[PDB]
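Asker: Each chain is listed here by its residues.
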Amino acid sequence: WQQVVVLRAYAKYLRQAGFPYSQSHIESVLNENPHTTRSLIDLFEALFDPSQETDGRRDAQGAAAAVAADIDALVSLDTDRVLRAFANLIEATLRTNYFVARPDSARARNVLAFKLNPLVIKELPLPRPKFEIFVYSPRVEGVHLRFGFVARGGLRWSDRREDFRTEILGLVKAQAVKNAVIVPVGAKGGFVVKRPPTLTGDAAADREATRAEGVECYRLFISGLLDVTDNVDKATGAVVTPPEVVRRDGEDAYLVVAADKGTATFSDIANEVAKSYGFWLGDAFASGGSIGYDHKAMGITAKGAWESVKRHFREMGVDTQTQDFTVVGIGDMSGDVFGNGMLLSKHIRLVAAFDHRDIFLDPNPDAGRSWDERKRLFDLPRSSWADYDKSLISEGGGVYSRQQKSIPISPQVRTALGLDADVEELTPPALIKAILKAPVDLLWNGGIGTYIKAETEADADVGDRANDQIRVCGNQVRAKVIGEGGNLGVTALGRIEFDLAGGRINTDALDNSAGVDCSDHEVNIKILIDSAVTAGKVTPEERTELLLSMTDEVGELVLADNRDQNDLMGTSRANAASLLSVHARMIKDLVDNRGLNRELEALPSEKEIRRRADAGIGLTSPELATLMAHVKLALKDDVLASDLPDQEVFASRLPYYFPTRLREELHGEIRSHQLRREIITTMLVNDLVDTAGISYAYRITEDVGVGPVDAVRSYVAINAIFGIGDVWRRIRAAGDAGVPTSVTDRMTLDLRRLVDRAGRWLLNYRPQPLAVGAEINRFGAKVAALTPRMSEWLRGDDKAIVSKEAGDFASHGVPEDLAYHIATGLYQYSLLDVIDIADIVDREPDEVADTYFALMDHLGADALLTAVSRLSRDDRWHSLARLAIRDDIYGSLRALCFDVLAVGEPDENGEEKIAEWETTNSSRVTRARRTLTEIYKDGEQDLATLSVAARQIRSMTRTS
Amino acid sequence: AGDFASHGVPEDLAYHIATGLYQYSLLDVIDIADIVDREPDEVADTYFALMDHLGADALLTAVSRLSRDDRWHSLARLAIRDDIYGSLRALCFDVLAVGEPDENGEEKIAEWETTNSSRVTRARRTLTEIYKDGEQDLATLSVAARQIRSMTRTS
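Taken in sequence, the protein lines are chains B and C. Last residue of the first sequence: 1588 (PDB author numbering), numbering continuous. Last residue of the second sequence: 1588 (PDB author numbering), numbering continuous.
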């Protein structure tokens, strides 16, 4: 009967996979072929019986040949397909718990677990996860999908026992995007009970049976998960395989369970089960529950969404910390998101805020009194809007109940809500709909469900009946800024329509990621301290004290990460219109190679892209966030396959992930972290995308023609040489002082132009692969020495345009030193060629830079470079051509620098060197200079004129 | 030559006419032989063999198809033409810098391609993809011109 259970579980998995024939057809086929079923049973048993490993070589060829020689003899198409599916399932099986016999395991409790490789199963619909775990039992049935070795995700207590794997596979994509900024990879699991709770007709007894039966099934599902999962033992530091378990894949020990719609209160139960199994993660197996961080006291999710709200308001020119603004909210002063988000600013004027029970209306709210009352309400352990003080409410406003038939409308409420002038009373449904469509500065979301829909989206496809009566249209919402503190507040198409309606909006996974990030960081810390617990460095009863001590620093680190991502999104929004073609090329590349689905990820189609191109508009902000997340995931996958995290020059920033206390006290444990490579990869990709931009690596791939690994090397070299991170931080700090977002965005765009050109220079002028440490140590010191003295050698038009740009920057509040440093970025790029030239001519870089920039002013190369920058980039080939002519000009000036410094004496300045070089030229050089002069006089700046000018500069050099 | 002779043109005159664009390259061949103080026979052999190796004839024909409606486009098209010719001159210097005179053009090209680098490999792949694309505007020909240029160290 046990082997029958194995076959039954495989058949149930096939039904979950969407196999056409039903269970009755499957069992009929198996019954009509008992010899074949015997062959498959022998195959599975011999593969996974540990005793077979003690019986010499396993009967691999014999079992495989017997099965094949029986399958090919079949004549029935349905029988052949069914038995082939089972044969492939047996071949794809990696681990099982059929032979473990320890009493505490789930096997003794009649639970069967299978670890499967979905990549080699024919009947599985796309996408195919990296690892799958199928747990079958007569009481509970669950699945778990993972896309990588280090994975994280929640567990649904689903009720769709007929086909729940489709629901899990649908949610795994959104979960994968949700984990773009955090270390692990998106994963998703889900279990369902098979016998429903006892139907007795009494609500008190029914709801008790649902919870009671759910815990026992939840315990069993996790127990099956831990049977096949490996364990990490710090007695030796290696990964141990559970006994009586025969593996066919490699090693896999990471497994983290997150709360979800049916697991929010099951965290402590999961941790207790992990303790029973003796799992290495311990209390980190589940997020929070009873040991961890008070997310209510932290409010990290509300702060994370408030960063996006503040960025949008700064883009509007409004400071939420010093200017009063009106807010419509969803929720009450009792939840984590809404409660912490409504107390972050004393200038908040909550005009209206509905909930699941009652509605709060304030036509002309105050600031200090409103903040005080909101704080007082948040002080209670539990409260609603009915507890709001009716003495502090404005005239005409108040608190009403959602269960009333109708609510009278005051003229003040109507004036503060922007409704039809003839209304005098309204119903709670229409009141909520009118609140959702209001001329209000901020729309704070802290509730559950979807309240905003797209115009073309169907009500049933949303998947929320409770809000089906109150769902509104995205293009109809009148709010300027929408902050999504909760999950799934607005659909992706609704986000696209809202951003196309002029409103500012980002993806929810970009706003509320802080709560996930703080969940990841704590886990990433809980492991490290646990290591120090085994080493004796951490006293066991001081461990919890240490976590409670580092809570604020953890929140600060997560907030810094969210600030970085928000700043990158703002800059990308500023440069969204001019990079539409490159974005479309990136989408096509990801679709062709990484198997991205445009409709599933809400990315625009080719027709939509060309329609926007004819309309002169780039991608929407949520679309940009989605593409940025996918690029981050692809870069993570590329780096993990490489050895960059292994090398020290990239691993030098590992301690910065952890708080300062751990940074000082724990050094060897940090250097010997279990998830070190993944943390390094996440940090590198986050820094690269945040600083260089979304399209940095892809443009490198098209232009240079190398893999993303070399792009990462180039960005690291440039960041260490020029200090791009410090400049970006200074720009952000200046923007925080009162500088408008336009000036800061332009500064970041110029800096990104600098890093693009410089990285291309390293990829084109240095041996491949790039020795990052070598080029850093041979360029960075000289660049840092020559950068401050830039004013010593700029002449003529170069000095004039730099002074103009620096003055324009400083006129908006930018510091003069930062403004001048920004205006010289294109000239700081030339210092790389200056250092290379000085290395070749074994001379000091001061004279080399002097003569180089003097010669640049002599030929007026700045005007030609600016004209080259104006060249069209509508297709790829024109882009390659314009970078070609740019690099040709730069190389020509390099050769001219060789020619000029080949004569003269070092004490001579740039002007004298140019004079004596022009003295000994020929009619060829005279004709070339006259041609450039006539070209400048003509004023034509098409490709042909710039090209002939490029050879004129080339012809000035003998080596050409 | 066959098309010319099909109308009554003598075969010798027809072949001499059809080789005019290649008789032009003999000036560069003689200059190269003068620089490398070698016989012009081997120089011409390797030069035209390298021309067939890179398919410079197709690029020159495409350059000849460029528009001449104004003066500047004419200067640009003569610029790209002379750039291609000078690049093949430099490649001839590089190829004849190694090997032995008894080796023919094919062997010299083979041993030159043997000791190249990833830069030259990328350039040749780029020209191959350019030929596969079939686009013959100014931009594509210009980037192809640097690909041929990038095959040379002195560039």
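Derived by calculation from the structure, the hints in this document are not laboratory data. Where a beta carbon is used, it is the ideal one built from N, C-alpha and C, also for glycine. A portion of the hints provided could be inaccurate.
To give a feel for the contact side, a few chain C residues facing chain B, derived at Cβ under 8 Å [stated by the list, open to error]:
1) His1506
2) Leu1508
3) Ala1530
4) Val1531
5) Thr1548
6) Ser1551
7) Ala1572
To list a few chain C residues with every Cβ distance to chain B over 10 Å, as calculated [stated by the list, open to error]:
8) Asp1467
9) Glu1539
10) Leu1571
11) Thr1587
Asker: Taking the closest Cβ pair, is C/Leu1508 under 8 Å from chain B?
Answerer: Interface hint status for C/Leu1508: holds (5 Å vs cutoff 8 Å).
Asker: Minimum C-beta separation from C/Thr1587 to chain B exceeding 10 Å: can you confirm that?
Answerer: violated (6 Å)
Asker: Would you settle whether the hint for C/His1506 is holds or violated, based on the nearest Cβ-Cβ distance to chain B being less than 8 Å?
Answerer: holds (5 Å)
Asker: Quick check on C/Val1531 please, does its C-beta sit within 8 Å of some C-beta on chain B?
Answerer: violated (20 Å)
Asker: With a cut-off of 8 Å, does the beta carbon of C/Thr1548 approach a beta carbon of chain B closely enough for the hint to hold?
Answerer: violated (16 Å)
Asker: Close enough to count: is the Cβ of C/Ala1572 nearer than 8 Å to one in chain B?
Answerer: At 4 Å from the nearest chain B Cβ, C/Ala1572 passes the 8 Å test, so the hint holds.
Asker: Just checking, C/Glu1539 versus chain B, shortest CB gap more than 10 Å?
Answerer: Check passes; 28 Å lies beyond 10 Å.
Asker: Under the criterion of a CB-CB separation shorter than 8 Å, is C/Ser1551 in contact with chain B as hinted?
Answerer: Holds. Min distance 6 Å.
Asker: C/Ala1530 was flagged as interface toward chain B. Is the shortest Cβ-Cβ separation under 8 Å?
Answerer: violated (16 Å)
Asker: With d taken as the least Cβ-Cβ distance between C/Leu1571 and chain B, does d exceed 10 Å?
Answerer: violated (6 Å)
Asker: Is the nearest Cβ of chain B still more than 10 Å from the Cβ of C/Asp1467?
Answerer: holds (18 Å)
The structure shown violates the earlier hints numbered 3, 4, 5, 10, 11.
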